[PDB]
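With these hints in hand, go ahead and build the complete structure from the sequences.
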Amino acid sequence: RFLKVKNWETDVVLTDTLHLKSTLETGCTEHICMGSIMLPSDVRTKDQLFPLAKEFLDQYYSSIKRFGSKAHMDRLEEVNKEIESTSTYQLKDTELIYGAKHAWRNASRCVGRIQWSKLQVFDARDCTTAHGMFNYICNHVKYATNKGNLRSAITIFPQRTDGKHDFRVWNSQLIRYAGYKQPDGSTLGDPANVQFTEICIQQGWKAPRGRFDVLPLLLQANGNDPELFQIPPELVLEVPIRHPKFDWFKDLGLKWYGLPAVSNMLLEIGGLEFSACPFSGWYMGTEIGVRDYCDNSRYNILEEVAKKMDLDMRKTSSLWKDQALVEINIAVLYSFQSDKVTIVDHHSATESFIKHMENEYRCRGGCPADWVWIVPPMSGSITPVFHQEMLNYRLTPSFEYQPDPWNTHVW
Amino acid sequence: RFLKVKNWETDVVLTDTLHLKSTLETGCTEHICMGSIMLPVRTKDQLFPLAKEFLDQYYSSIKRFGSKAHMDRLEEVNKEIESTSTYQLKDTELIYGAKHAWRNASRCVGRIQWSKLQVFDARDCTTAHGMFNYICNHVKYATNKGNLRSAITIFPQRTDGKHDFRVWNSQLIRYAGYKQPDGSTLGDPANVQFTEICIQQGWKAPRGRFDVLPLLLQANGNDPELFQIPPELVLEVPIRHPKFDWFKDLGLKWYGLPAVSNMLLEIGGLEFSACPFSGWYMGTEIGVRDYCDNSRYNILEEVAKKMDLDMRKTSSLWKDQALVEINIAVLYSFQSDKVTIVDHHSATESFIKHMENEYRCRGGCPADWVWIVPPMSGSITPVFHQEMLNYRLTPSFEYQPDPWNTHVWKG
Ligand code: HEM
Ligand code: HEM
Ligand SMILES: Cc1cc(N)nc2cc(-c3ccc(OCC4CC4)c(CN)c3)ccc12
Ligand SMILES: Cc1cc(N)nc2cc(-c3ccc(OCC4CC4)c(CN)c3)ccc12
Ligand SMILES: C[C@H](O)[C@H](O)[C@H]1CNc2nc(N)[nH]c(=O)c2N1
Ligand SMILES: C[C@H](O)[C@H](O)[C@H]1CNc2nc(N)[nH]c(=O)c2N1
Ligand SMILES: [Zn+2]
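Read top to bottom, the protein sequences are chains A and B.
The working numbering puts the first sequence at residues 946 to 1356.
The working numbering puts the second sequence at residues 374 to 784.
Source of the hints: derived by calculation from the structure; they are not laboratory data.
Even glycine gets a Cβ: it sits at the ideal position worked out from N, Cα and C.
Where hints are given, some of them may not hold.
[As the list claims (entries may be wrong)] Here are the in silico distance ranges between beta carbons for each label pair:
(1) B:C734 x A:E1249: 37 to 43 angstroms
(2) B:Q491 x A:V957: 38 to 44 angstroms
(3) A:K949 x B:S709: 41 to 47 angstroms
(4) A:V957 x B:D533: 37 to 43 angstroms
(5) A:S1131 x B:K711: 36 to 42 angstroms
(6) A:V957 x B:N671: 14 to 20 angstroms
(7) B:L393 x A:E1249: 42 to 48 angstroms
(8) B:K711 x A:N1245: 33 to 39 angstroms
(9) B:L393 x A:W1356: 37 to 43 angstroms
[To be verified] Under the rule of at most 30 angstroms between Cα atoms (straight-line distance), these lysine-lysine pairs were calculated in the DSBU-like manner:
(10) A:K1190 x B:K621
(11) A:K951 x B:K686
(12) B:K678 x A:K1253
(13) A:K1300 x B:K678
(14) A:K1252 x B:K621
(15) B:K621 x A:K1260
(16) B:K711 x A:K1260
(17) A:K1253 x B:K686
(18) A:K1190 x B:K679
(19) A:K1195 x B:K678
[As the list claims (entries may be wrong)] Footprint (simulated), chain A over chain B, 3 or more residues, beta carbon under 8 angstroms:
(20) 402-415
(21) 715-728
(22) 743-757
Here it is as structure tokens:
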């Protein structure tokens, strides 16, 4: 019941007690493990909301060494009253900041959580319109980008009320490149965003129909029809991709944006649901070069890079894909570092995460971790997380998946 | 009840009903996933339901369910268990059992070959010399002068747990490892503990870097005995690189035949504690794990030095670079010597084909994503984007504790 995890590279063994505080459900049973399913998983009644708040306020007041104190009981009863009356409640700013930091701390699929307590929380709960959302999101981007010295940030828009007044950022990330299907066959730009790039045009966007066109923001306030806004290009920091050894690399004409900013997730704190909460940090190199460039359903430039390297692409056993994959990821890290844009390689981030596990087992009793997502998508076994046993479980506050709004919005 | 898995690269969706026939437990619960945990004397009381389930399976597969042959076989085993507290498998049952243990091995990426298993019945064996003879013939047959063939040799099943047959080697062919007084290791660090046992048992250790270990074989619960595999039976491949002429000078070689010998074969509640099985290598087993794991031969540094890489900062990806070169060399060397080997791209593609076929004709294929995905270049292989369900089916290969930890020494 006090589970142990072993690192098989170092024989270090940590004891996990945090999992016994786990609330939600993983998707697995004693007969079937679903740990490789991408997604297991419209208002809260007054009865379910009350214990969710108590649990959250219990852990908040414990974290500041005031469990069972004046302020604790008072806040407990004050929230209790507010729920009985209004059917919901409002977080104090301190609770909001704690809640968001701990949603990140609890994100079992996130390798970058060593930074969890340094989150800059932007309270956008007074926002009322998509123009206002646009303003908050522009200020978020500017602050997070910081001329390339990237800083972690979240911007939290008004919480769900009755599911009819939802704030939503329709983009999956604040900054993404357009993808257009060609009349002949293949896809121009980013194929992962073809449907979204379509809903934009299909909503009025004038697409430059280039390869790396930054998509417009499609912002939904208080449940109304979403509105298009173009992020000021001077706010979108991009990095041209060159290789430190191969001069022809620059000629491929590739670039990527510096700010990874996920905007389609739901932030749950003390039972309250924040359907619009774009958060951002900085990239791990493999997220751009392994996945964005080399996935078959993405930019798929592997074949091209290998032809330019004069590699034998006739049999898989030459490992030409593997060789080109490494070069591409050397270039991405070289480019970002040359332009002084924050980035981390997968060796550094996974080493950081092992230290973070060390810290969480020591000062907290464990750290929920999803091995399938923590291990980087290349060179997996030469990174220290590969040989690290991890326990995955769901702690709240948390970031959760939510349906794409166009499947849901009574347009 | 049906369960669905989705390939996020092809959008292919498969339906799993086979998990309903699942007996044992996974280690997971509704509130915790143990999917990355490495490791998560039987009485008549519980034996006959396990026999009956196996025989029902066996007779279904031969389209004789409910037949008089089926019913008589059930009665026969029933009477044999009542009277002897165990039972013997017919030859046909043993062969079916061993193939299905492999077919059910959720961590095995090579299962497309499962129906082509050569089963060697060694249940008439009685002494360690007899085990040496059977194992020698296994190695000769499986090796087949480099045209490798899958095989398994099955020694007598457990009776009271006090008369076990065991192969103390983790694999039939493995290289010795010697801890030096200065803390360094000569040979394979993975085998230091077993090398020491062998030396203590009387092995004259040549103390080189690539010494094939002796067999340490235990018949009928007696003390184990040492045997030297005839070196002409041990096929080996010098490692060279097709472009780098200095690679041969590293002095690396590896053996052709992966033959795992420390696992337990479970068939109808019978336990075959000595059942060495062999196939052929996926390149990464040698070139990623055996050579580049920090706790193994760990030749990344010298390969990187001789490539004259920037080893100062990890963000140069010098480790990823040297890992690919080593894996090219392993594949090149085996193919040049006409020793069967499969690269990870071909092996993973075949597994997807196998897995789809198994869903179509069997209702499922239990599969352990954490183990199926190769330890390098993960996301550019098709299994990375493949959702999988993990569950335990019997017949099965189980882990068992090393025998030196449990053996009662006769002396
Ligand atoms: C600061 C540097 C950060 C790095 C290097 C990083 C890295 C990653 C990576 C590599 C993944 C796997 C996803 C994929 O491979 O596509 C991930 C997942 C995730 N990240 Fe982080 N991240 C960072 C910051 C943050 C921040 C600031 C937040 C929120 C405040 C966050 C929340 C999440 C969540 C919620 C997930 C997974 C969603 C889930 O659990 O289902 N990350 N991160
Ligand atoms: C013939 C070509 C084969 C290939 C290429 C292959 C490949 C692999 C690999 C890469 C693993 C993961 C282990 C590791 O990474 O160290 C594995 C696991 C395993 N393989 Fe295979 N294998 C083959 C044949 C066989 C055969 C013939 C058997 C038994 C008759 C077998 C039974 C297993 C078992 C029991 C496991 C552990 C599975 C578990 O615990 O669920 N394999 N295999
Ligand atoms: C702040 C941040 C920085 C970073 N460097 N990386 C990040 C990656 C994700 C993330 C989480 C889930 C996810 O996908 C899961 C979806 C259910 C399928 C994706 C990929 N869109 C990205 C979220 C935040 C990230
Ligand atoms: C026939 C065969 C061929 C091959 N090409 N590869 C194989 C790899 C394994 C295997 C299974 C488990 C395992 O490790 C399990 C850990 C104790 C829990 C290892 C690591 N040596 C290898 C077993 C058989 C293999
Ligand atoms: C900690 C982790 O579960 C452990 O290192 C596993 C991960 N996946 C693996 N996958 C394969 N194929 N082989 C292994 O040895 C391992 N080791
Ligand atoms: C099927 C599989 O679970 C899916 O492709 C996952 C695997 N692991 C991953 N891991 C990370 N970090 N990011 C991903 O998108 C995925 N995709
Ligand atoms: Zn699980």
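Hint-by-hint comparison with the structure:
1. B:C734 x A:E1249: 37 to 43 angstroms: Cβ of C734 of chain B to Cβ of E1249 of chain A: about 39 angstroms, so the range 37 to 43 angstroms holds.
2. B:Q491 x A:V957: 38 to 44 angstroms: 42 angstroms, holds
3. A:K949 x B:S709: 41 to 47 angstroms: With a Cβ separation near 46 angstroms, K949 of chain A and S709 of chain B satisfy 41 to 47 angstroms, so the hint holds.
4. A:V957 x B:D533: 37 to 43 angstroms: Holds: the Cβ-Cβ distance is about 38 angstroms, inside 37 to 43 angstroms.
5. A:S1131 x B:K711: 36 to 42 angstroms: 40 angstroms, holds
6. A:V957 x B:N671: 14 to 20 angstroms: At roughly 18 angstroms between Cβ atoms, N671 of chain B and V957 of chain A fall inside 14 to 20 angstroms, so the hint holds.
7. B:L393 x A:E1249: 42 to 48 angstroms: 46 angstroms, holds
8. B:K711 x A:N1245: 33 to 39 angstroms: 34 angstroms, holds
9. B:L393 x A:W1356: 37 to 43 angstroms: 41 angstroms, holds
10. A:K1190 x B:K621: 26 angstroms, holds
11. A:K951 x B:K686: Holds, at about 28 angstroms.
12. B:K678 x A:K1253: 26 angstroms, holds
13. A:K1300 x B:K678: 28 angstroms, holds
14. A:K1252 x B:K621: Roughly 28 angstroms separates the two Cα atoms, so the pair holds.
15. B:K621 x A:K1260: Roughly 23 angstroms separates the two Cα atoms, so the pair holds.
16. B:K711 x A:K1260: Distance ~16 angstroms between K711 of chain B and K1260 of chain A Cα, so the pair holds.
17. A:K1253 x B:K686: Given pair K1253 of chain A, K686 of chain B holds - Cα atoms ~26 angstroms apart, limit 30 angstroms.
18. A:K1190 x B:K679: Between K1190 of chain A and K679 of chain B the Cα gap is close to 18 angstroms, so the pair holds against 30 angstroms.
19. A:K1195 x B:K678: Given that 30 angstroms is the threshold and the Cα spacing comes to 27 angstroms, the pair holds.
20. 402-415: holds (count 10)
21. 715-728: holds (count 3)
22. 743-757: holds (count 10)
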